[PDB]
Each structure stands twice: as C-alpha cells, then as structure tokens.
Amino acid sequence: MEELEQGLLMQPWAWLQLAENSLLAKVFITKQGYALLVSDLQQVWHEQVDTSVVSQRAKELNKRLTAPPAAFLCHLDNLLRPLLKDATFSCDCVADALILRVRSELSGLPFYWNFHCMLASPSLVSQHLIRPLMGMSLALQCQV
Amino acid sequence: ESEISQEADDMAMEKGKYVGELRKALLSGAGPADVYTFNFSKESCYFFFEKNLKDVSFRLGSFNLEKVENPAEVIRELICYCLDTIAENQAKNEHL
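Heads up: the sequence lines are chains R and K, in that order.
For the first sequence, the positions run 1 to 86, 93 to 150 when the entry's author numbering is used.
For the second sequence, the positions run 49 to 144 when the entry's author numbering is used.
Just chain R, with the same shape it has in the complex:
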C-alpha cells in the first residue's frame, strides 16, 4: 500500500528519543498508522500498525483510553518527527522489540496510551528492511 512499506522505506534514519532502548529507530508519519523500521539482520524489532490495530490497541491496551482511531491517525498526522520533542514518547524495555509508543498527547492532555511492541507485520518488514542490505552494499561500497 506503500504508505507503510514504501514511504516507510523512504524515511531517513532518525533515532527517536526513547527512554530505555538504544536500538535503531524511526517512525513514519502516515494516515494509516505509525510505522517503525529497524533493520539489523534476523530478529525483527519492528512496530507497524494500521488503523484497525491502532484502534484495537487504543480500546484495549490501556486502562483509560477513549481516543478513537481517528484520534491516533490525527496524532500521527499531527506529528512531524521520527524523533521525540520531549505526543510523549517513552520506552519500557520489556523485550528486544523497540517499544515505540506515540502517546495520546496533542500539546495538552497526556492521555494514557502505552505500548508492548508486537512483532510487526512481516509484509511491510521483510520487503523493505532487507532492501537496506543490497541497496546499501551496491550504493555505498561503490560510491565511497
């Protein structure tokens, strides 16, 4: 659909300011869910969502979260950063998966929205987190 696999691929490396993890990080601004991209060869620590799963993890992953899907599609839409301004961003290191939350914060209420980074969708991962490999060799090792 290219807004979570191609545009995410066309997202420059920018380590989002997490709180616990030092792994690779960048989040893509979409209208179809926030998109992480961490390419490190053979243990995917990736966080990718669509409108449906962000809706679900809004309605059930937090004790108090009445924010609809449109709320988080706007929060990401009203987000310009693969980084953190401090939408408060924080990391709770529970696994090697990069816990990358985009809080229910829009310059105002820090409404509760926490993460347990799942193993993201492999369709948008293996397609364009291995492109780093051959693209990187074929470009870098020749132009340098």
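Hints listed in this document are in silico derivations from the structure and should not be mistaken for laboratory results.
Each residue gets a CB set at the ideal place from its N, CA and C atoms; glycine is no exception.
It cannot be assumed that every hint is accurate.
If you only want the chain K side, here are some residues facing chain R, beta carbon under 10 angstroms, derived [unchecked claim]:
hint : residue
1    : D57
2    : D58
3    : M59
4    : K65
5    : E98
6    : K102
7    : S105
8    : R107
9    : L108
Straight-line Cα separation of at most 20 angstroms, SDA-like style, residue types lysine to any residue; simulated pairs [said to hold, decoys possible]:
hint : chain 1 : residue 1 : chain 2 : residue 2
10   : R       : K63       : K       : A56
11   : K       : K72       : R       : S113
12   : R       : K59       : K       : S105
13   : K       : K102      : R       : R64
14   : K       : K72       : K       : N112
15   : R       : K59       : K       : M61
16   : K       : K65       : R       : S113
Following the hints, position chain K against chain R.
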C-alpha cells in the same frame, strides 16, 4: 468528594490537571479557543467536562450532578445576594 476522586481516577489523571478541568469547565476557566463539552446537561442533570482537545476525542467529563429540590431556594437567594453584592461594591467604591 467521592465524585471528584472517581472522576480523577477515571480520566487517567488524578487531580494533576483534573482540578484544571473542573475549574476550566465549571468556573469558566476554559476559553473558547478550543471547543469542548464543558457544560451542564439538564437531561440527566449532569455536568459534562469532556476535554475533546483539538476535536480529538478524549472522553473526560459526563459525570453526575444533583437537582435542586426547590428552585426558589437558590433563585431567591441569587436575586437577593446579587443586589447585596452590588450595594457593598458601590459602598467600597465610594470609600476607595
């Protein structure tokens, strides 16, 4: 006190800025810069103070109130106290 405590617990923020919500919805502290539902509904006799920031839905208020047993008890008190305040403020104006 029970209503205040339960609202603060429910809204994912325990009086940290929920007191701000109360004083901006009830005491008119929230300006019309951002629209919310900061009013009292007589339908169920409850005051809603849902801070739907930037039209992004955050269900906050919609919590119960009480209805006066006799509107006279407060309307007459208001119609007297208002004139009393006007008189006292004019008196202190002359003093100042």
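Structure-based check of each hint:
no.: 1; hint: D57; result: holds, 9 angstroms
no.: 2; hint: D58; result: holds, 6 angstroms
no.: 3; hint: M59; result: holds, 6 angstroms
no.: 4; hint: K65; result: holds, 8 angstroms
no.: 5; hint: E98; result: holds, 9 angstroms
no.: 6; hint: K102; result: holds, 5 angstroms
no.: 7; hint: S105; result: holds, 6 angstroms
no.: 8; hint: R107; result: holds, 4 angstroms
no.: 9; hint: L108; result: holds, 8 angstroms
no.: 10; hint: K63(R) x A56(K); result: holds, 13 angstroms
no.: 11; hint: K72(K) x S113(R); result: holds, 17 angstroms
no.: 12; hint: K59(R) x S105(K); result: holds, 13 angstroms
no.: 13; hint: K102(K) x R64(R); result: holds, 19 angstroms
no.: 14; hint: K72(K) x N112(K); result: holds, 17 angstroms
no.: 15; hint: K59(R) x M61(K); result: holds, 18 angstroms
no.: 16; hint: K65(K) x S113(R); result: holds, 14 angstroms
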